[PDB]
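Student: Listed below are the residues making up each chain.
2 protein chains.
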Amino acid sequence: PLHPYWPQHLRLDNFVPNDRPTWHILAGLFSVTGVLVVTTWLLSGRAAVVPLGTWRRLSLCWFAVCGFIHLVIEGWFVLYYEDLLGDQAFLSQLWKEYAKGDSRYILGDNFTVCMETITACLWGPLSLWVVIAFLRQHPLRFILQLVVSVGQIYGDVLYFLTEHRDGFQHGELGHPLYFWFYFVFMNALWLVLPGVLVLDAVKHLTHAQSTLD
Amino acid sequence: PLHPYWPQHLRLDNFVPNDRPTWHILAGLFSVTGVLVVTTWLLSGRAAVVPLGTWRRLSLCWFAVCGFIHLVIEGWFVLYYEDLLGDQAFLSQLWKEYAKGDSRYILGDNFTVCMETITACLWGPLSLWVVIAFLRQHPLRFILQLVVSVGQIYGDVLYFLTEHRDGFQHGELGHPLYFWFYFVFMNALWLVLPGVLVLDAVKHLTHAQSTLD
Ligand SMILES: CN1c2ccc(C(F)(F)F)cc2C(=O)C12CCN(CC1CCOCC1)CC2
Ligand SMILES: CN1c2ccc(C(F)(F)F)cc2C(=O)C12CCN(CC1CCOCC1)CC2
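Residue numbers (the authors' numbering), protein chains in the order written: chain A, 7 to 219; chain B, 7 to 219.
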């Protein structure tokens, strides 16, 4: 058909197909984020006021990845959601590819735009501030971790609930790549990893409160 | 016209007007919540493991009010949003009156239903658990306060942002009772009082973290 997105009765003008093969885009994102992850591992190795341990370093790598994604990938959507169609910039093509599992990013839905606006403006800088805090053993580190994780979980839950109440019409149900991987799995992370970071922070802050009392 | 809600080109069947005068409904809600507030004041007076102080007692009264509202008033909407029109139950009439400043509660918007579902299921019981925690000086008290306040702020911000992006079409702009009071003021509380409770909790938890370190 003219366009690949769901529902198929959509009428999208100014749709022009992605020029690059999709694996260019996907592999570029994975390569750059892997470089970011290894660089953050090294940084936590050499730039910590006191040693951190393996799993906290991995948590900082996660927070750096979240900061990059929210500031750049989602920020590009928030800036240019009106012109994702008919554009051949790298991040625009990435969004066009991703939206085949969720067409709300092409339709400019109000809830989506608002949620990604909040995510790009608040949770990205706060995710990087978490890393800065943990490097210097500042206070607020577990507080910021808890706040960011709670916000991410709330946003993802609202996202899933709204798409469910719409009947899963913005994406083909049961398609391996577009439903299970793009829509479910890549979002289920922001339900699972933040959750572990909420149970963890609560364990430490509580131990602090019992120390005062 | 047939119905009072905005936009006026809406076509609502099964609309049947409120039977009671509106001040019955408003005064009943204010009277019962005032009884709740004074009862919570007394309870914090006589049922605290250690004395709490005036402003913390007021915070507990706020949390009890939030718990009642989220569990009952918003829970009624989540349960019966399909049949608010054409019903003459007390809370149904309350919702019909309130929606004259925001018609999304009559239209059953997906974002509204999902947000109030989360609010009724999570933040109400957690708001009451905050009170129970503060009464017994359990830990988690400031953690729960922070989490509930952050969730309330996030929900209210998304609410306002979505209605703004819609152009303020679900309510008459600049009407004293329906815009400033119902829509803005009654919601601005959940931006102002939670915020003060986020700056407060951060002050205490931080002092705990500095005690461990
Ligand atoms: C569009 N986008 C992607 C596009 C492609 C790829 C891939 F396939 F290349 F791996 C990954 C992602 C992402 O991580 C996302 C960006 C980050 N959000 C996280 C949510 C934002 C709202 O709040 C809850 C969390 C999921 C999808
Ligand atoms: C409908 N409803 C009312 C109806 C009437 C009256 C009045 F006029 F009688 F005072 C008060 C209220 C409320 O408090 C509310 C219930 C509570 N929400 C709080 C938000 C819920 C979503 O997340 C952010 C906070 C505002 C309006």
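Don't read these hints as lab results, they were simulated from the structure.
Keep in mind that a hint or two might mislead.
Incomplete in silico selection of chain A near chain B, CB under 7 angstroms [as the list claims (entries may be wrong)]:
1) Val156
2) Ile159
3) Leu164
4) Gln215
Not the full set, but computed from the structure, chain A residues with beta-carbon under 10 angstroms of chain B [what the hints assert, rightly or not]:
5) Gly92
6) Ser98
7) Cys120
Stretch-level coverage of chain A by chain B, calculated; a stretch enters the list once three of its residues show a Cβ under 8 angstroms from a Cβ in chain B [said to hold, decoys possible]:
8) 44–53
9) 132–141
10) 147–155
11) 181–195
12) 200–212
Yeah, the Cβ is synthetic: ideal placement off N, Cα and C, and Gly gets one too.
Student: All hints, please: hold or fail.
Tutor: Verification of the supplied hints:
Hint status for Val156(A): holds, given a least beta-carbon distance of 6 angstroms to chain B, under 7 angstroms. Using the Cβ-Cβ criterion of 7 angstroms, the hint placing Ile159(A) at the interface with chain B is not satisfied: the shortest such distance is roughly 10 angstroms. With its C-beta approaching chain B no nearer than about 6 angstroms, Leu164(A) sits inside the 7 angstroms limit, and its interface hint holds. Interface restraint check for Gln215(A): the shortest CB-CB distance to chain B comes to about 4 angstroms, inside 7 angstroms, so the restraint holds.
Contact between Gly92(A) and chain B, as hinted, is not supported at the beta carbon level, the nearest pair being about 22 angstroms apart and thus beyond 10 angstroms. Interface restraint check for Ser98(A): the shortest CB-CB distance to chain B comes to about 21 angstroms, outside 10 angstroms, so the restraint is violated. Interface restraint check: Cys120(A) against chain B, minimum CB-CB distance 4 angstroms, threshold 10 angstroms, status holds. For the segment 44–53 of chain A, the proposed coverage by chain B is not satisfied: 0 residues have a C-beta within less than 8 angstroms of a C-beta in that chain, short of the threshold of three.
Restraint check on the segment 132–141 of chain A versus chain B: 0 residues with Cβ-Cβ distances below 8 angstroms, three needed, restraint violated. With 5 residues bearing a CB less than 8 angstroms from a CB of chain B, the segment 147–155 of chain A meets the requirement of three and the coverage assertion stands. Beta-carbon proximity to chain B at under 8 angstroms applies to 0 residues in the segment 181–195 of chain A; the threshold of 3 is not reached and the given coverage is violated. For the segment 200–212 of chain A, the stated coverage by chain B holds: 3 residues have a C-beta nearer than 8 angstroms to a C-beta of that chain, and at least 3 were required.
Comparing the model with each numbered hint stated earlier shows that hints 2, 5, 6, 8, 9, 11 do not hold.
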